[PDB]
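Chemist: Given these sequences and hints, build the entire structure.
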Amino acid sequence: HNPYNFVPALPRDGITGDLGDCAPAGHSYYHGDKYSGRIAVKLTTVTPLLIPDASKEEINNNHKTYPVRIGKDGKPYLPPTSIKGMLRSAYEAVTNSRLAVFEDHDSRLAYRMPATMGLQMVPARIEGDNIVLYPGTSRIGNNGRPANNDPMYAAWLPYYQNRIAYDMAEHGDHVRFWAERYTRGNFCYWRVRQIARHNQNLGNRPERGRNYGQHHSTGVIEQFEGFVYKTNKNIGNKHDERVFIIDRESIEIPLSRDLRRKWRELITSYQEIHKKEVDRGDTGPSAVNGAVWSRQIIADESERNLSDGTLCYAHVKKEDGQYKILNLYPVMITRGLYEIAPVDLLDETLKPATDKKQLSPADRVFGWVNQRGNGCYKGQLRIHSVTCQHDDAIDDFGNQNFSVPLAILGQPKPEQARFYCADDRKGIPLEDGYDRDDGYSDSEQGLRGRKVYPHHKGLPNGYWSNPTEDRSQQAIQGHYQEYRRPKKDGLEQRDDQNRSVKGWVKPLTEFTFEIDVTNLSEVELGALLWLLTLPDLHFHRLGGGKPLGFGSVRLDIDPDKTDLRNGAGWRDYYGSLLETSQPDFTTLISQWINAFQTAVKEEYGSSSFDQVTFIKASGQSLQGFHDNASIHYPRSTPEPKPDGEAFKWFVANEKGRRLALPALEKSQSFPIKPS
Amino acid sequence: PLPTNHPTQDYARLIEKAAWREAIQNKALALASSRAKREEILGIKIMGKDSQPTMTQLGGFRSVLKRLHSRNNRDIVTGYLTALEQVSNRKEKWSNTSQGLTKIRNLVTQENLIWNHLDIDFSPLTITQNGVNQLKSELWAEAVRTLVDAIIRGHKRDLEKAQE
Amino acid sequence: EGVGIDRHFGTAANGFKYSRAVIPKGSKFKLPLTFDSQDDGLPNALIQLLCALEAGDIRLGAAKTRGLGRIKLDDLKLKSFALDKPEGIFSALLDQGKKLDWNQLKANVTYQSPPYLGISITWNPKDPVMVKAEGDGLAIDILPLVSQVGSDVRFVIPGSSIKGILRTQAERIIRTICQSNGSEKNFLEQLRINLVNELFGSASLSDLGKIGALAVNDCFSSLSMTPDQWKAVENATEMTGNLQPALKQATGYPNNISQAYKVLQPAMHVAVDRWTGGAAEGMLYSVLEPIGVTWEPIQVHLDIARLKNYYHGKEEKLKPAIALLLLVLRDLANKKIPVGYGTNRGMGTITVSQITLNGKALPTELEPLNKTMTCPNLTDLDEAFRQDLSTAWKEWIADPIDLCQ
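Chains as they are written, first to last, in the deposited numbering: chain E, 115 to 281, 288 to 795; chain A, 617 to 780; chain D, 106 to 311, 320 to 518.
The hints are simulated quantities; they were obtained by calculation from the structure and are not laboratory data. Please note that a few of the clues may not be correct.
What the hints assert, rightly or not - Once the Cα atoms are required to be at most 20 Å apart in a straight line, the calculated EDC-like pairs of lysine to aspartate or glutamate come out as:
#1 D:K290 with A:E780
#2 D:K484 with E:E699
#3 E:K198 with D:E394
#4 E:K396 with D:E394
#5 D:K375 with E:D511
#6 E:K476 with A:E780
#7 A:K665 with E:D475
Modeler: Take a look at the structure:
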C-alpha cells in the first residue's frame, strides 16, 4: 500500500444544517442549547512518536539531526499545536468541512510530455504581440510534423561532436549561413555548413559535404538567414544546436495571454525544480551525468517573461484550416503543463472560507482567519495542559550521541496526476490505463480530497526495537524496516535528503491533555467525541514521519475529568458560589454522536453513516489495511534498495498498467511490478 | 545671534530645542498623513487592503530604530537592515515595497537626508550662534525616530481604515 | 500597544487598537512636599497620607485600573522650621531644619486605609504564557513582550491583558445568566453590561463613564536580563546560530543549552496543505515560548470604596459584585481564563496555586473575604458566607437590574 491516501472531499452545495456553512455561535455567552466545557483526553502512543526540536537541530554536511523536544521537566513536550493539527485535519475529514490549508495551487502542474511530441513543434520567435512561426524551407503538415518527409524545420548547427565556428555561435545570434540537406533514418535536415554573423559575408557555395557517420549528404545546398537557437549540451547524445531559418517561410500568429501565462508557468517549473540543485552547485541533470543544465533552467526570471524577439518552439496543428498554436515550449522534448490548475478542480464550497457567512464546521470549531480578505474567528476549541505521564518516555538508542537516520521524507508531488487527481468531484480515482494527459484535464474532474496516512497495521514485534541496527535489507515477517535509511557500502546515508533523530517517544507512553470547547452544537460535539471515542484499533496519526509509520496514537476520553454542559447547565453553575451537581455527560455522549451520524447520513445522502464515502475512507485510514500488505512508498523491489530509486516503479507504472492510487475505501494494494 | 559663551545660551538652547522638536513633530505628522509621502520616504505602501510589508516587519524595524539614540548607534540600524536583506525570506517581504530597505538605509546613513525630507527652515527657530549645526547634530536621531514612527503610525491608521 | 477584543468573534475588534507611552518601572522622582502648619503638630490625615505613600497605596497618572500608576515612597524625611520663632526662621534661612524621626510618629498612630480588597494570585504558566511583542525578530517571528524594570528588562504581562480577560469572563457569565447575545452589538455595546461596568469601568462617552473598582498590575517575570542581553536575542539572525548564545546568556545558563531552553524555548510551527500533505511554505512561523519563565504573583486591587460610591454606600449591593468577582476567580483558578497570545494555539493556560484575599477596612459582612484560598472552587471561603453571597447573587439574577440605580 502507498503510505498515504485520501478521504474524498465532497462538494457541499445544498448541505443545509450544522454541517452546512453557518454563522459561528460566538464567544459572548454559553448558549442554552450548545455545549461547553472541558474534555479530558488520554493519548497513548502506539508506534514511536517523533517530536523534533528544530531549535536544537545539529547540521553536518547539510544533514540535520533533531533531538526530542522536552519541557521544563525534561519529559517529551508534545506541542498542543501538533495535537490541534492532527485533530483539525481528522475533524475536517469527518465533517466534510472546507480545506483549511489549500495553498498555491493556481498554476498548472508540469510533467514530461511524450518524446513523440517534439516532432510536432515548429521554430518560433515572438515579434511584438505576435508569435511568428518559422518553418523554413519545409511546410507545416496537418499534424504539425514536417510534411511528406520534407526536411526538419530548423537547420542543425553542429556544435559538439563536430564544430562549425563562425567563418562559436551563441543563443540568439542573428546569423547568415550555408546549409546542406543531410539524411538520417526516416528524416532529413539542413546541416549548417558554414556560418557568419548577419553583417558578414558567408562566402562561396561549399561543395559536397562529408558524410558524418550515419548523416549522409544529399548535396542540395542553400544559404539562409536565421537565429541560432542554442541550449547547452543538455543531454548526453546532443551534438548540434539549431538555427531557426528565418529567410525562407513564415507565419505570424497572435500571441494570446493564455500562451504567455502557460510559458511563465512552464519556465518557472523548469527553474524552481532545480533551484536546490543549482544552489548545491550541481552542473547537470539529477540522473544524467556529463550533461549540463538546459539554458532556460539556468536563465533568470527574464526567461519566464516571453519578451519580444525571444525564440520558442510552438506546438502547432492545422486543425479547422488554420495554424493553431497549442503551446510554446523551450525544447523539442519538453516539460509541459496539465490543462487545468488544481485550484479549478476544487469546489468553491470546499476552498478555504473567505466570508464569515461561509464558515464550515471545522472553521467554526477550530477558528478561521481570512487569507484573501478581512475576517477572522477565534476557535471554539482549545487544547491545553498536555502532560506526559511517563518519565523515562524518550528512547535514546543507547547514548545521547547516537541517532537513527530516517528514510527520505520527500516533497509531495501532486504533478503525479494518477495519485492526486480525481476523475470526478466526488473524489473517485482516475481511471487506470489512460494517457497521462488525462489528469487535470476536465473541469468535471476533481481533487482526490484530504491526504491521510493510514495506520501501519500489523508491524511485527521488534520492528521498532534497536533502530540503530540496519535491518532494512532483510525481511522480518515480511516487513522491511521502512522507517530507517539503509546503509550504503556499510556506512550511514546521512545527507541532505533525510534527517536524523537523536531519540523518539517510545510506544505505549501516555500523555494527557484537555480540550476546552465553547458553544458546540450536538453535531459539532458529536463529531469531536466520535473522533475521541473511535472503536478499538482505530488510531490517529500524529507528528512527523507518519508515512514511515511513526505517530499512530490511541485517543480516548477520561470521563471523570470531563465536564460538558449546555448553557442552561452553565447558567445553573454560575448561579451559585456553592458546589453544585454537574450533569453526567456520559449519559448524553451517545446522543451527541448519533446526532452527528444522523446529520452526516441526511445531508450526504446515505442509507448508513459508515457507508458515507468520506466516513468509510476516514475509518480505513484510522484502522489501516487488513490485507497485511506492507505500507511503503512504491518501489520496484520488495526490499528498499539503499539508493533513492523508487521512481523506477512509477516509470514502470507509466509504461505498464498505469494504475491510479486505489480508493482508500477499497483497500487495494499496488503490485511491486505494475508492468 | 547669542554669543557662544553667553550665560543664557543654556536657556536659549532650551527654547530652540523646544521649537525644533515641535516643528519636526508637526511636519512629520503632516508628511505621514499622506500615502504618497509615506511611500516616498520609507517605500512602504498600501495595496488595496494589505500593507507592504506586513506590519510585523514595520514593528520589527520600529523596535530596532528605537535603539538609535545617536549617530554612533546607527550601525545597529544598518546592521539590522543587512540581516533583513541577507536572506530571501526576509528580503521578499520588503521587496514589494518601493525600495524601502534602501530608503531606510539612506535615511539612517545620511545625516542630511532627514533634514531634506522634513524641509523645515530652522532659521526662525534658532538664536544661538552656530545653533543650527549644533541642533541638527543633537536632534538628528530624534528627528529620524520621530519621522519613522509618524510614518508607520499613519500607514497603520490608513491600513485599518482600508480594513474597517 | 494593545487592542480591544470583540466579544462575539473573539478577535481584534476593528478600530480598537491603542498605543500608550509609559515611564518605565523603577523610575524615581522626588517627593516634593511642603506643609505649613498653623498649630503645634502634624495633621493625622497627612500622617495617614505619608503612611499610604510608604505603603504604595496611592496611584498616579493614567491607566490606573489597567496596569499602571503604582508608586511607593522611600527615604521619607521630615524637616521642621518653627517660623513662629526666631530660632526657626534663622534655621529656615541657614540651618536646613530640625529632623523628625518618621519611625516615631509612624509607630504612634494606626494606619487607616480606605476599604479595599487585595487579590494576590500566585500562578505559573501551565503552558507558555506571553504577550506578543509587536515586532518580529529576525530568527524568531513571535517574541515575548519585555519591559524595562529598573536597569534590567523583564518579561511582562500587562495588567491591560489580565484586566481584559477577566472582564471578558465577567461579561460572559452575566450574558449567560441572562442568555443575552452580543453578536449584533458593536464592541462598545458588547462591553456595556451590569456589574462589569462597575468592576471594570465604562468608557467616558457623553455620561456612563466609570473607572474600574478592580485594578490589575503589570505582572513581570521573576527572570530578568540586562538590556543588551535581550537585544542580543532580538538581533539574533539564526535560530541555531547566534540565537543560541543569546538565549543561553539571557536565561542565565550560558553553558547549558538544555537549561536555557527549559526557560525560553524556540518553537517552529508549520501549516500543512490538506490536499498534498506538504508544508504550506510561507505559512512557517516561529515562536520563542517562555515555557519556564517564572512570574511574580498577579496583583489585583478591588477598590471597595469605589464600589460603595457607585452603589451609594449600601454594602448589601456589594454582594452581587463580590459574587461575580469570586465566580471569575473560580474560573481563573479552574484554567478557564487563558492569558495572552496564542491561547487556542498551545499557549496561555495558567495554574493558580493560591489566591490571597487581603481586605483592609472591609465591612464585617465581607470580613470572611480575608482569606488565603488554595481550593480553586473557593471552599476556603466560609460556606455561610458563600451561601450568603450566593443568595444575594441569585436575587440579582432574578432581576438583573443595574445596581447603581
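Chemist: Does each hint hold? Answer for all of them.
Modeler: Structure-based check of each hint:
The straight-line distance between the Cα atoms of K290 (chain D) and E780 (chain A) is roughly 16 Å, inside the 20 Å bound, and the hint therefore holds. For the hint linking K484 (chain D) to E699 (chain E), the alpha-carbon distance of about 18 Å falls within 20 Å, and the restraint holds. As the CA atoms of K198 (chain E) and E394 (chain D) are separated by approximately 19 Å, the hinted pair is consistent with the 20 Å bound. Taken as a hint, the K396 (chain E) and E394 (chain D) pair is honoured in the structure, with Cα atoms around 15 Å apart against an allowance of 20 Å.
Proximity of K375 (chain D) to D511 (chain E) is assessed by CA-CA distance (about 16 Å); at most 20 Å being required, the pair is judged to hold. Note on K476 (chain E) and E780 (chain A): the hinted pairing holds, with a Cα-Cα distance of about 15 Å set against a maximum of 20 Å. With a C-alpha separation of about 15 Å, the suggested pair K665 (chain A) and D475 (chain E) falls inside the 20 Å cut-off, and the hint holds.
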